[PDB]
Structures are given as structure tokens and as C-alpha cells.
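A.B. asks: Use the sequences and the hints to build the structure in full.
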Amino acid sequence: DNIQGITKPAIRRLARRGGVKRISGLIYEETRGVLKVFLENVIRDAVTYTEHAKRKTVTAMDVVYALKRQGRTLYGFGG
Amino acid sequence: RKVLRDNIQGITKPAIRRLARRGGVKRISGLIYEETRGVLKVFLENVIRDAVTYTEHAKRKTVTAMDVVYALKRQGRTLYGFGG
Amino acid sequence: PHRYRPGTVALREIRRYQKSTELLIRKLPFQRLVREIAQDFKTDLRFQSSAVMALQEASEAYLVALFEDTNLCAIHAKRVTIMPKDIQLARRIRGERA
Amino acid sequence: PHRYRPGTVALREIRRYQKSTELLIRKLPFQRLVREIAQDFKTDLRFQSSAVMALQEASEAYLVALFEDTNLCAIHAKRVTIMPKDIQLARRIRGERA
Amino acid sequence: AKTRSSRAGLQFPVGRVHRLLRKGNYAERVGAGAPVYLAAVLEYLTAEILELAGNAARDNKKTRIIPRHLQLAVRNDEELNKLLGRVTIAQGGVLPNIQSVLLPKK
Amino acid sequence: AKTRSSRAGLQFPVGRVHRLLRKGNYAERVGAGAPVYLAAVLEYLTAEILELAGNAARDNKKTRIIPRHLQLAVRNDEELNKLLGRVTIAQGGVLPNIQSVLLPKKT
Amino acid sequence: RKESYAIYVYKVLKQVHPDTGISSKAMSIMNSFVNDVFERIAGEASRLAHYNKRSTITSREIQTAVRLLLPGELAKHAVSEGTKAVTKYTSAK
Amino acid sequence: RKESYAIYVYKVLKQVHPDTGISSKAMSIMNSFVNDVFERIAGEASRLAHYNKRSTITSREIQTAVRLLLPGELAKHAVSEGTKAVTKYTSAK
DNA sequence: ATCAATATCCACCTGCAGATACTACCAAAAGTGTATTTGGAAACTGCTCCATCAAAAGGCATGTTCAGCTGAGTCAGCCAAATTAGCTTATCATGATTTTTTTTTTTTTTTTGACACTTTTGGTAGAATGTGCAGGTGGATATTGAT
DNA sequence: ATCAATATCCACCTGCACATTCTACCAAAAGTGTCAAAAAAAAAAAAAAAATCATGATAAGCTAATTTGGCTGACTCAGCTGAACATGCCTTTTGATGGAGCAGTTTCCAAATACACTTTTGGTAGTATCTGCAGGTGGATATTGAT
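Chains as they are written, first to last, in the deposited numbering: chain B, 24 to 102; chain F, 19 to 102; chain A, 38 to 135; chain E, 38 to 135; chain G, 14 to 119; chain C, 14 to 120; chain H, 30 to 122; chain D, 30 to 122.
In case anyone wonders, no lab produced these hints; they're calculated from the structure. Ideal Cβ placement from N, Cα and C applies to all residues, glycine included. Hints may be right or wrong, so weigh each one.
Said to hold, decoys possible - List of simulated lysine to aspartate or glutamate pairs, EDC-like, C-alpha gap at most 16 Å:
| hint | chain 1 | residue 1 | chain 2 | residue 2 |
| --- | --- | --- | --- | --- |
| 1 | A | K122 | A | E133 |
| 2 | H | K40 | G | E64 |
| 3 | F | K91 | F | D68 |
| 4 | E | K79 | F | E63 |
| 5 | F | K59 | E | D77 |
| 6 | H | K105 | G | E92 |
| 7 | B | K79 | A | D77 |
| 8 | H | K54 | A | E59 |
| 9 | A | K79 | B | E74 |
As the list claims (entries may be wrong) - One side only, chain D facing chain F, incomplete, derived with CB under 8 Å:
| hint | residue |
| --- | --- |
| 10 | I36 |
| 11 | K54 |
| 12 | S57 |
| 13 | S61 |
| 14 | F62 |
| 15 | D65 |
C.D. replies: What follows is the structure, given as C-alpha cells:
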């Protein structure tokens, strides 16, 4: 597990907001795939931001600063 | 000194097609040939507008290429080959 | 007895969440994952509640939009079932696969 | 009198231009469309001989790279004929249209 | 009791901007007008934002203003939306939209 | 009489990489090790691309690189491509490809 | 010690709707809005500056930078207040 | 005079491909490349500092940047080719 | 299963644009040496807060069944738009010239930053008052699903 | 359309939580008067580059027409999903205690910025030298659509 922790009827909650009509079977995974890859990409850059600051913990900024350089900005935790 | 108008038509159906191959296209509809032009019109206006804007700040009358270039870079369409 | 033609508690959920902002993810199956992942980069990593809560946002909101973009992709094909094939497209046409 | 079946000029044609790197749009009609649009932004503007090509290479490349993002859409819906309803999507997913 | 902010009649930290502007290394030398003009554009937007963001509480009777207030505004405004088009507001949700075809009768 | 470039073993101008680092003022003090490391990455990346670039010229039986190659090389390399994925090579044309359904098949 | 635009956000909030507050989770969303914008207009102003060899950002830069960033009409008004804010600064002790 | 790396490219150019040629059209695309990369890195570097209240840019930043701006295999290689260059310098003269 | 007409093309030969070298030499540039500063690091540790429980409460997940569905197989008329030739315009590559815009250099008039000195402020930390948001409880209204 | 079958918005609310008021304190901050740097501001003047123009020359756009085939609306079984719902797992949330860790601080080392001085270089410039890739030509091969 740890990837499957992302519950099926829940993914549909997110699918909901997007105005997802019905849904599918093979989707849930295809999705589990994206989400994962999205993550790595951020976390990596972040984890790298964390490590530049001789830390062990990953701050809020640590992420922000990643999400920025990655194109997907995020207002709200910059404080 | 001659009134410029309707040059979005110089983008002839021929060429409008010539590109489309390189883009890997086979069958091309008909409403198409226009819809394209009027996209390119929007492209140019978004760039020129910035290019020209980097020209006015320079107290210039001459749209230089750096001008343009810096305008593509600023839009996400970074271009290599014209100095800069 | 009374059931529901496939649509209602699909819609009243749509209508629901689209009307809400709360997170649609249990703060752990996830956060664990989040931890799994990071390790693949560094050891004994700590995460300010603040951090994991961000990705959480980002990560979800992201999935959201991809879905919208996804949807059309399907509807584009005169259907209404978000098929795997869709994503592929959407995420390719975006840039995620080019 | 000989011809070439429906579509055996295209597949031919394509192959032709894909290995080339010369600008399609004619240089002249383009340049005018350029000075026309910069005109209605700033009257009396001069353009460096080059800076216009800067715009053509750019403008081109773009168009060429949206047809692509087009088939990948028409094709999505078993067709092989590019149409506005298509382009439009490609642009919407691409996050463009306004 | 006069500060550049005061004389320029401004409600934003017009003083710290001349600091932040150099600290960020966005140069060396900073003229004296810029630090101002900047603040202004800054003050303007902030309000223009909160504004549209405000009427949002008038729409969802609540008086105060929470994220969804801003988010609902921005998206519902052309300009802003464009400007924020690649920014994501935490606790924003989407917009009650259903590509027609997804509803009943066909 | 000995350049820093030869001091550190590279070729790209170390000092130039330094001076520019200032004239841009990306920070207050450009340390002493940085410019080196930089000119260093730049030398790598340049050699990395010219190589896949030449080879491209070798295939196309030419002995003079012309953008088409640079492009040909940059598009045909998973990595480099993503580095340049938002950059456009003037005069580079696209990659020789075609979709499949477009192909004329079935007897 | 930490900083923030928070107060000046309120002082201005306290200029459009004296009868209104702001959730803490909307303040930061307003801190990050501002904080962000600055960084934009600035660098764009910084570049403007370094594109001309000039060693100084001026009101001009900030403008040709504001015009470059903010959209159509949302851009014109912007240039406005700005100018004002400035033009009032000049004549005022 | 306009500065340019048309030589540091060329030198490197022969090294890999001794008897190969490089057009003007392409040497340009290349001068535009080194440069792009520079700014790109020289900027994330610049940034890290600020991100960590530092006034100096160092091989400590240029690295974290390369690891940030450069993808996989490429990166791991730059960091390397880099480190070396530094070390050998910190032992040159 | 052959056939001719079409066109892509393997190699060849050749001449001027384009790339390669020669070469002096300049001012900007980068190395070298020395006084002088200070950035941030090694070290000490206070105060934030991240991890790990165990409790409890039940909701949100999961696993099976059921029918209504629309996704996918399937065919076939109308008609969109491929394509192939019939003519003449607007582009272009030669080639240069006109005139105006940008770049080179130079004087002084204004603007800015830094230096050491006042004085102003907005966070910091409790403590604290007041306003309303959560959400939950009463319920007819509400949509839709089969009769 | 009627009616049971299962779920939403208005509403009265009031508990608890937190949005706001104050009270004071200062650690850093914003402005002041002054001084000397420098940058912008301007300004007559060489150098480069764009617009303007003639011209033969034309493949490239245009445009009519002929027509193979994709576009498109429809028939229809069935694989697929929502829906419907009931055994029950672990995610929340109170609530906590503990200890890793990041943050505040004081001093010194070594690293860096600044001026001194020397002189290495990479770039403009008149210069010619040199070579290849483009443009013509012959014709070999593979494609192609009808017989």
C-alpha cells in the first residue's frame, strides 16, 4: 500500500469538483499514477530546498518555493 | 504612407496548409483556414504588444529584435537564434 | 421502494463539493505516501504540518483541474466517461508528456 | 489522365516539409500583417530588418506546433480531419483562450 | 509626523518598499519615485481585490471574508483570473459548472 | 601568466562568468568558488549538446552544424529536450514523425 | 521578528467595507497575493533596468513593468493610481 | 565590441568533434544557449541566498540550483564536472 | 500479376556565398598583490513543535448484486474538401539609394546613497471582550421515479 | 399527473472558538541634515540601418471543376457503472508527554570586496584565403493507381 491509501470512492470526490461525469475503472490507477508523479516532482525540488538549508525537516516554504519554480504557484502558506 | 489593412489575408490558404503538414496534419476542414489566421492574429498582437512596449520604454522608434525576443521570453515562448 | 437513476448522487455531490472547499483527502493515507516518497530522496525526514498541508492542497487542486481538462477531453469524443485515454491526451497537450 | 487517391498527396506532402526548416508563410504578406498590427499600437514604428523574422520563426513554429496538438485531438475522436471545434480544445486545455 | 507614505497619501508600507526593493537585489540604486508608484499599484490591487472579495460575503451571508470569498471573486473576474491564471488559492474549490450535456434530458 | 580557466582546467572564461555574475547583481557577493563551478556546468552542457549535435551532422552527411542539427539533437534526447522544452531553435524545423491512423492501411 | 503586509491590507480593507473583517486563512491568501505581485513587478522592473544598462530602477521602470504584467483594463487604472500616488508625493513637503 | 562565448563553444566544439563545422546560424543558437542557461542558474542561485538570508552566492548555491534546474542524468553529471573544476581550482596556485 | 507515368533520390560536377585564417591592438578585462572588512560558522542552548500514543465514535471504505446505460460494433448518403491544371498576380531576389534613427562622445544639472543622529513604528505576548461561525436540529420544500 | 421515496434551503440558535481591543515594549525601522559620489539629462555629431524604389521574373496563390473518401447520424447488443446497501476497518481528534530539531546568540576564521598596478585578451577591423553546401543534370529506384 501507501499509494492505494488514496481511496477509490474518494478520488471520485476530487473527480467530482472537476465536474467529472461518470467515471471509470482503469482511471483510478491511471490517476494514482499522475498524482504520484506530480508529487515526486514537487517533493524532490522541495526536499532539495530543505537540504540546501542544512535542515532535516521540510518547511511550508520548502514546498511553496518548489511549487513556484514548478509553475504551479500557491498563495496561503508563504507566511 | 499607404493605409495598411487586411493583411491577415496574406496568410494564404496555401501556406496556412503548408504549415499544417509539418504539424503532421492530413485532412483539413474548411472553417479551418480562417480560424487559423485569427489565432495567429491573436498571437502576434500579444507579442508585438510587448515588443512594442519594450521599445517605448527604450525611448525608441525602432522595434529591435532583442525587443521581440525579450517579448517571447516573457511569454513562455523563449526563442534562440537572434542575438540575446 | 425508491432508488436513483445513475446521475443524482453523482450530481448532488458535484453540486456539493463544487460548492465546498474542504479537502477531499484523509490527511494520512496521503501524508504517509508523502513520507514514503520523500524517503526516496532523504532519510528521517520531518514535515511541518504546514508543508504536508500545502502539497495536500496543491496536489488536490491540481488533480481537480486535470479532471476538468480531462472531462472535455472525453466530451470532446462525444461521451461522458472520463477514460484513461483522456488524461493521456490532456496531460500530453498540457506539456506533462512532451 | 492520372491522379492520386484521396490523401496520397498529403502523406506525401507532409513527409516533404517535415524534413525541411524553411519558413512557410511568405515573407512579404507576413511582414505587412506585422507592421499593420504594431501600427494600431504605436503609429510611426520602425522594424529592424531581423526582428520581424524573430517574429516569423516564432509565429511559425507556434502554428506548426498547434496542428500537432490538433490531430492528437481529432484523432482522439476517430476523425482525421482537423476542425475549429478541435483547435479550440487544444487551446482550452493548453490554457490559452482568454 | 510625515512619511513618504503620508505625503504620497498611501496606506501601504511605502517606506519598507524602498528597503525590499534593494534587499531583493532588484538592482543597486533605487530612484525615489518607484518605491512609491509601486506601493500605489500595490495598494490599488489589494483593495480592488478585497473589494470584489468583499461583495462575496454579501452573496454568501457571512460578513467576514474567507478564502472562498477571494477565490470566487478572482475567477469570476476577467482581468484578475488572467492575472492569477497560474496561481492556486488554497480552499478555493471550483465553479458551479456542468458542461450542459451532463445534465438530464439528453 | 595563467588564466583561471586553465587554473581550474576548464575553457569557458572563469572571470567572465564572475564579472557577469556581478553586472547582474544576482546577489551581493559572488564568492570565489561559484564562478568556477558555473563556467563548469556551462562547459559541460555545451560539450554535451555539440556532441549529439555533431553526430547529427555526421548522419546528415554534412561537416558543418546548422541549427537543424542542434534541434535534431536537442529534440532527440529525453533529457536535453526537457531542459529546452520551452525554447525554440530558430531555423530548426520539427521532428520527422507522423501519426499512425493517418497511415493508409488495411489491404 | 517577522514581517507582513497584513495591517496595510486591513487599513485598506478598512476603506472599502468598514463593516467587514477577514479570516486569518484569507489574510495570508492576501499576504501571498501582495508579496507575490511585488516580486513580479520588481524583477520585471529589475530586468527592464538591466536591459538598458541603466543602474537604477525608476518610476518609469515600475510603470513599463506594471503595463507589462497587469491585464488590459486592470492595467490602465493601475498605471493611474500609481501616477497619482506619485504626483501627490512630489508636491507635499 | 559585444561580448560572447563564440570561442569557448568552438574550443569545446573541436574537442568533441575535431574536424566538424559550425554555421553562423547555429553558433548563434548556441551563444543564446549558454546565456539562457547562465541566467537560469545564476538566478535560482541568487534566489537561494535570499531564501536563506545570505548575501553571498557560492559554489554551494550554484550547485543546489543546477540540481534544481537540470533534470536527471544531466544534472548528476554537471554537479560532478563542476565539483571537480572547483576542487582542482582550490588546489591550483 | 503486369505497366507506365510520377517522383523520390544516389552520386556527380561546379562557383560564389559563407566560414576560415592572418594580424594588428584596444580598451575593456582579468590576473596579481595588499590593505581592510565581515559574512556565516563553530559553538551554547533556549523555545518551537514534530513524532508517537492510546482513546473513542462511526464514517467513510469495501464487496456483491441489478438493471439501465451508453459506450462500442457497424453500415452507408450526403457532401465536405482532396486534387490536379489553367492563368496571372504579387513576391522576391538583385542592387542600390535615400533620409532618419540609434549610437558615440561629451558638459552640467540633478538625484541618491551613505554617515552618523532623532523618533516612529508595527510585532510580540499575554490577557481579554465581543461577534459570529459552526452544524445540527425542526421541516416543509424538493427532485425523480414508479404507478 | 399523482404519490411515495429519499434529500436541500430558511431559520432560530447558542456554545466555543476564535475574530478583535487593549497595554505596553522594543528591536528594527523610516526619516533627517549633511556630504560627496554618480547618474541621469542633455546635446551636438559619426555610423548603421531601415524604408523606398526599379526590375525583371515567377512559383505560388488563385480558382473551376471532378470525385474518392472521411464525416455523420442510426441501429443495438452488452460490457460497465451508478446505485443500493450492509459487515466493519482505521482515520479523526482529543489530549498528552517527550525529545528531536530549528531558532536566538556571541565570537572568530577565513573568505571577500576594495584599491594598486601589470599586462593578457578576446573583439573591431581591413584582408585575403579557403571550402562547402547550394543549384543544375543524368539519370536509378520505389511508389503508385489502373488493366
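A.B. asks: If a hint holds in the structure, say so; if it does not, say that too.
C.D. replies: These are the hints, each one checked on the structure:
no. : hint               : result
1   : A:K122 with A:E133 : 15 Å, holds
2   : H:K40 with G:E64   : 13 Å, holds
3   : F:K91 with F:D68   : 11 Å, holds
4   : E:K79 with F:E63   : 12 Å, holds
5   : F:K59 with E:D77   : 13 Å, holds
6   : H:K105 with G:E92  : 11 Å, holds
7   : B:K79 with A:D77   : 14 Å, holds
8   : H:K54 with A:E59   : 13 Å, holds
9   : A:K79 with B:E74   : 9 Å, holds
10  : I36                : 17 Å, violated
11  : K54                : 7 Å, holds
12  : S57                : 5 Å, holds
13  : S61                : 4 Å, holds
14  : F62                : 6 Å, holds
15  : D65                : 7 Å, holds
When each numbered hint is compared with the structure, a violation occurs for hint 10 only.
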